[PDB]
Amino acid sequence: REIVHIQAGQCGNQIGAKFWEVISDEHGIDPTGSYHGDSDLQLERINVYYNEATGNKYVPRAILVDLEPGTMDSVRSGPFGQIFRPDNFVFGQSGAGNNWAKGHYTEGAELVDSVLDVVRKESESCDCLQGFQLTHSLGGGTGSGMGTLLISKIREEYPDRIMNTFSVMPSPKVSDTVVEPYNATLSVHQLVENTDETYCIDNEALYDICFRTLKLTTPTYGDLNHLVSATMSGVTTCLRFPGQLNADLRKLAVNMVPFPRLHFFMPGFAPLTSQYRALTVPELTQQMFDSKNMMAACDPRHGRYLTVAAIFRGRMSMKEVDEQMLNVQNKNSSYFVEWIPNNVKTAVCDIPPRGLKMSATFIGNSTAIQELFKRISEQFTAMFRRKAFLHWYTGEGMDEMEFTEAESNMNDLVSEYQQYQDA
Amino acid sequence: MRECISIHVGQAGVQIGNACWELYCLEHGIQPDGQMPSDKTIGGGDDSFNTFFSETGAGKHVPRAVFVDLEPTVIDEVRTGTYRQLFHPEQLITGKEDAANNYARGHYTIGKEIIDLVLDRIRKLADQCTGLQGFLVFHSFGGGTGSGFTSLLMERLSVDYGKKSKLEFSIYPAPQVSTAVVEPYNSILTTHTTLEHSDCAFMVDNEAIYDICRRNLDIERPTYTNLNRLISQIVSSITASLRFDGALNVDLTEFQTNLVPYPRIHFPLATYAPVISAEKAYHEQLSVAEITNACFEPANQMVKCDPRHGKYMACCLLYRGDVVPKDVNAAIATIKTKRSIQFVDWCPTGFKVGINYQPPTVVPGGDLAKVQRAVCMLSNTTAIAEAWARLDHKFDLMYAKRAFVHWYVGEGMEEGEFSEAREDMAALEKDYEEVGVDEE
Amino acid sequence: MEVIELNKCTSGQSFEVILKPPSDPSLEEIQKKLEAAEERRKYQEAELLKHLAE
Amino acid sequence: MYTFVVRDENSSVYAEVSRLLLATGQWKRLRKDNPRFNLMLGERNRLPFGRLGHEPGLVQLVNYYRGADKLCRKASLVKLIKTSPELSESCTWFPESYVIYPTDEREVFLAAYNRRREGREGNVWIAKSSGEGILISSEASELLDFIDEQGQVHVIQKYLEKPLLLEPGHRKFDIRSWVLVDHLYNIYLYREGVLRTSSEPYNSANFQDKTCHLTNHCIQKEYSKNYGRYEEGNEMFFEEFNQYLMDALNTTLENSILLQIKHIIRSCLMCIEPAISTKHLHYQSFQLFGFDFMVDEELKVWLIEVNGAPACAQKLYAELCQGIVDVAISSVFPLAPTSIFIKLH
Ligand SMILES: Nc1nc2c(ncn2[C@@H]2O[C@H](COP(=O)(O)OP(=O)(O)OP(=O)(O)O)[C@@H](O)[C@H]2O)c(=O)[nH]1
Ligand SMILES: Nc1ncnc2c1ncn2[C@@H]1O[C@H](COP(=O)(O)OP(=O)(O)CP(=O)(O)O)[C@@H](O)[C@H]1O
Ligand SMILES: Nc1nc2c(ncn2[C@@H]2O[C@H](COP(=O)(O)OP(=O)(O)O)[C@@H](O)[C@H]2O)c(=O)[nH]1
Ligand SMILES: [Ca+2]
Ligand SMILES: [Mg+2]
Ligand SMILES: [Mg+2]
Ligand SMILES: [Mg+2]
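Protein chains in written order, with my numbering: chain A, 1 to 423; chain B, 1 to 440; chain C, 1 to 54; chain D, 1 to 345.
Do not take every clue at face value.
DSS-like mimics (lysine-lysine), calculated; alpha carbons at most 30 Å apart, straight line [what the hints assert, rightly or not]:
{"id": "1", "chain 1": "B", "residue 1": "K326", "chain 2": "C", "residue 2": "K8"}
{"id": "2", "chain 1": "C", "residue 1": "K20", "chain 2": "D", "residue 2": "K79"}
{"id": "3", "chain 1": "B", "residue 1": "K401", "chain 2": "A", "residue 2": "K374"}
{"id": "4", "chain 1": "B", "residue 1": "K326", "chain 2": "C", "residue 2": "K20"}
{"id": "5", "chain 1": "C", "residue 1": "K33", "chain 2": "B", "residue 2": "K430"}
{"id": "6", "chain 1": "B", "residue 1": "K401", "chain 2": "A", "residue 2": "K331"}
{"id": "7", "chain 1": "B", "residue 1": "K112", "chain 2": "C", "residue 2": "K50"}
{"id": "8", "chain 1": "D", "residue 1": "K279", "chain 2": "B", "residue 2": "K311"}
{"id": "9", "chain 1": "B", "residue 1": "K163", "chain 2": "B", "residue 2": "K430"}
A few chain B residues that face chain A, going by a derived Cβ cut-off under 10 Å, partial list only [claimed, not checked]:
{"id": "10", "residue": "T73"}
{"id": "11", "residue": "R221"}
{"id": "12", "residue": "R402"}
Source of the hints: derived by calculation from the structure; they are not laboratory data.
All residues carry an ideal CB built from backbone N, CA and C; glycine is no exception.
Could you put together the complete structure from these sequences and hints?
Shown next as structure tokens:
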């Protein structure tokens, strides 16, 4: 059951590149596509993310998309650059200028058919295509505008397949342009309708974790992406290694999404790395549920957990893992909804990540995520009430109504999260 | 000699089928290559074991079993496992993608595309039967295949094999090893669609066998292998009368006749003893009275419930090992004076006892110690309705918010089927209450 | 108590102890059920493709 | 720390224990329908025992014994004493009783009503049920005309027309004892009982007047004219009652009465123990009981009724409720010396 990976834009390709860098190491595959591993657990579910070529070389089932060639070239020359299929690079020259409209309506519309051709040829060779995962930002133009265009086109062609995204939410604390709330609000409207699962990765949380916890005074995007690729590896551990819980994308969606529109997740990782003493099972459980280890910049105590998925990596006792998981929810049961019995499911994997002997990745569908969309909504309205910077978008053919609709739909999403926070 | 066809559906059904058929071969002396040197009638016979094994010209003894899963991983283990030579490829059926813990996806979407394949494969086994007596269906309540596809198969089996007995071995969902949050939904839906098509169903709560593995076997974190090897022992003691010479429960109809006076109330409670760890270096063998007494201890039941606060309708005692009737009678007389055994006033206070002199067989290298005598009690008590109440309550909590219902509607199922299924469980719950219950 | 219907053999033994006396859907309908869900499943997908075409 | 829920708020006894569970700083209260609890202060009717003991990693305790109603209902208690060989029907501490429905014991009741008539013996009976039924008469005809007129099932019992009368006053009483049974089925008798007395002098000729015959605290508050003369709230405690027995009868409360009380309590609870014990169950039970006794002229103690959801005297709420935390709750969920109870069994 194969997954097709797509990375779009500057952020999506840089984060996507680190992700393939991390999991290729976990599966014992060198930058030349050859396998030099020590355990058959590495190859047991390798087909989920890698195709096979003659000579027992493994090619990632990844498609690199961008409207300017800059980041594409950087990925091709960086580490693990030549592991990617050469013709799976689809890029233009104009760029999108941090403009959702340019990515979604004009510049990206000229390029989307080329991408769907690569998506089609990758899907046609799949034994039983499980679904798609997309990495992108919502604050730019290509990953935001063209990314959500791709999702809409892919859903039209593969309507019975799971659509998954890793979506980087913008923040004024790590900002490129002031129009990021516009692009983010336009993209959320698309994600609410056309994805089954979306991991909300807030650049504000990533910065704060790098600043306060990891003691990085001047964090870079590379520092933030080290955190993203680490959680991307953790949330996909159940998909890449033998397991019983949340082993495929649809089963995870059935366990994590009680209502179709509420499919935005808070990821969390422990321990946070930028490591000689191994962490204990109580220490992993306490950290992975702490706010400081959350990637969405939302205090979970401000809302309630609809469902929670947790994975533990390394050689440990499942007894102490069950004891600690049961301890954290029996002594914080007010933060878990009572109308979804047993909404916390745990999985374990014997393969630990690189450099760590024990690790824990957290996946939460909390109503506290509304804090994220409310921040975006306030930044959106602050400019939109004065129609500020709108000409960049109306110049690409957009109408003010489309902004009013995306704004209204996201405020509904916030109100719908507040509905289930009370019971 | 009337043949029996076993159908294993879903991951839980298939993996338990492995544990059982492995144990069947150890009990009848069948080697992994299908050969049985004990059988001197090569190529056929009307012996008792022939109800579960057919014979080829080469002397291979082949299970009368079909394995069905909407997903190839678990069954591919069988195709390459220790008993790969036991089954022939036609008996193993695998789909492309599974039901994703969705009853509707297993019943409607994927069920429609594979139900005719499965039935035709079942017809191939049925045609080799001079007088087929029915089916034993192993599945889970919680899985989308085990719940959704089974109820569809049980509907068609009643159509193609009219008034042929169908017995279930159903795995009740327990959160300690469960994989899905919607298992209450799947359980209620499959119990609704299957109720009229099942003559007798044995429920095993994974919670019950999980704790038995922790307490009696001293296993820290029991795995499915631990659980299934214990389940197979219970299944073997229930099907032993169909595979060995005897006079109690020698056909599938006798299970309904002996245990099910009311057709909807066809869920007997199973209790088993003794469960002794094989790593326990020193052990003192238990008596007939001690293992019979344990049959009335909740800690040894397949479903945790209190029979003292229900009413009995029937009781079967199935012994294996060194047990003579005098020991059983002296034990039952002692137990009646010390324990609360209340029968419904219209049924007779009695026990149907069966004894098989062969002691229970244990897989070499397993967790169970070989014991000189064991007993499995099948009792149709109204106390098992506690398991329906728990399930119905969890169903009620989620459904009041319509949590997750869009997954089922998205597969073509109508929201009204939830109500129709829950109303049926309410009626079933009221039926048990009619039968078992009479500032200061 | 009373022992009745005692049956013996070399394999085992069975009997009964008494202590106290007392005091369907057809194939056509199933195929219609599955096809009704198949049509509802196709109607929903058609509305999706209609929504995406707009 | 530990967690608990409350499902019967109009319970004065357990409203106080949940208040004490707060002050320890080691117990948090949850809402009614939160399943992740260690302790349930459950409701009085239809308590969902079947949903208890199925939460992984949660030792769960409940404040009621499933099946204890067979002792705490008039109809079932009569049946329990009549049929249990441990009580053997002919136990000397329970008045002659028959269950008459409005199966049926109407024939055998009239049979004993004739025997008492033949010997010209005291033939006065009482009619009670599960509010108040309040019928005492000397002829069974007036009893049944009232039973069938009422809806629910009533049970007839021989009236102890020769009761022990307190002086000064010439007044009868009933003794209430509180018994706590923990998860191990130890039987603890609270050292402090209470006497619920009558304020008017006892009268043998006026059975239609039900004030000097019925010792209920609600009836003495409603119909007694000189209520509260001798003791505060028609409640006399053990130290005063024991002093009276010494001054008036040259005996003690322990010797004359309490030995029989401890025997009656032990007998009733040891009988139903195999039916209600939670020794090897997936959940465990404790329960507080209120036994109602009666004493006659010859210092013989009679069991009248067992109450499964009793209240306490106002003076004794603090001591008794703290005892429930120590003995019944902290024994299963410890925190971070002389006892107020009397271990029987
Ligand atoms: N005792 C026991 N229970 C099992 C086993 N395998 C799965 N289960 C239980 O079955 C339930 C899940 O159903 P499954 O049988 O795994 O799912 P399925 O029938 O394959 O259906 P889908 O995977 O959704 O297509 C959970 O409650 C598991 O605890 C097993 O081998 N032994
Ligand atoms: N057989 C008898 N002989 C003498 N007095 C009796 C009696 N039966 C009952 N009584 C008197 O009747 C009073 C009330 O009886 P009972 O205890 O049944 O009422 P009740 O159950 O409504 C009050 P509670 O709330 O304590 O259960 C007793 O306190 C007792 O004085
Ligand atoms: N975490 C992270 N965020 C990024 C990175 N690059 C850009 N961003 C964020 O993404 C938004 C800009 O999106 P970008 O990918 O540059 O636009 P695009 O190339 O047109 O799709 C801003 O909110 C940036 O903070 C990166 O490498 N890591
Ligand atoms: Ca033969
Ligand atoms: Mg950029
Ligand atoms: Mg499966
Ligand atoms: Mg009362």
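Status of the hints after comparison with the structure:
The straight-line distance between the Cα atoms of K326 of chain B and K8 of chain C is roughly 14 Å, inside the 30 Å bound, and the hint therefore holds. Taken as a hint, the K20 of chain C and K79 of chain D pair is honoured in the structure, with Cα atoms around 20 Å apart against an allowance of 30 Å. For the suggested pair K401 of chain B and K374 of chain A, the alpha carbons sit about 24 Å apart, so the restraint of at most 30 Å is met. Of the supplied pair hints, the one linking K326 of chain B and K20 of chain C holds, its CA atoms being roughly 19 Å apart against a limit of 30 Å.
For the given pair, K33 of chain C sits about 28 Å from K430 of chain B by alpha-carbon distance, which is consistent with the 30 Å threshold. Taking the CA atoms of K401 of chain B and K331 of chain A, the gap is about 25 Å. The hint holds against a cut of 30 Å. For the given pair, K112 of chain B sits about 26 Å from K50 of chain C by alpha-carbon distance, which is consistent with the 30 Å threshold. Proposed proximity of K279 of chain D and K311 of chain B is supported: the alpha carbons are some 21 Å apart, at most 30 Å.
Taken as a hint, the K163 of chain B and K430 of chain B pair is honoured in the structure, with Cα atoms around 27 Å apart against an allowance of 30 Å. A least Cβ separation of about 9 Å between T73 of chain B and chain A falls short of the 10 Å threshold, and the interface hint therefore holds. Below 10 Å, beta-carbon pairs count as interface contacts, and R221 of chain B has one with chain A at about 4 Å; its hint therefore holds. With 10 Å as the threshold, the beta carbon of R402 of chain B comes within range of chain A, its nearest partner Cβ sitting at about 8 Å, so the hint holds.
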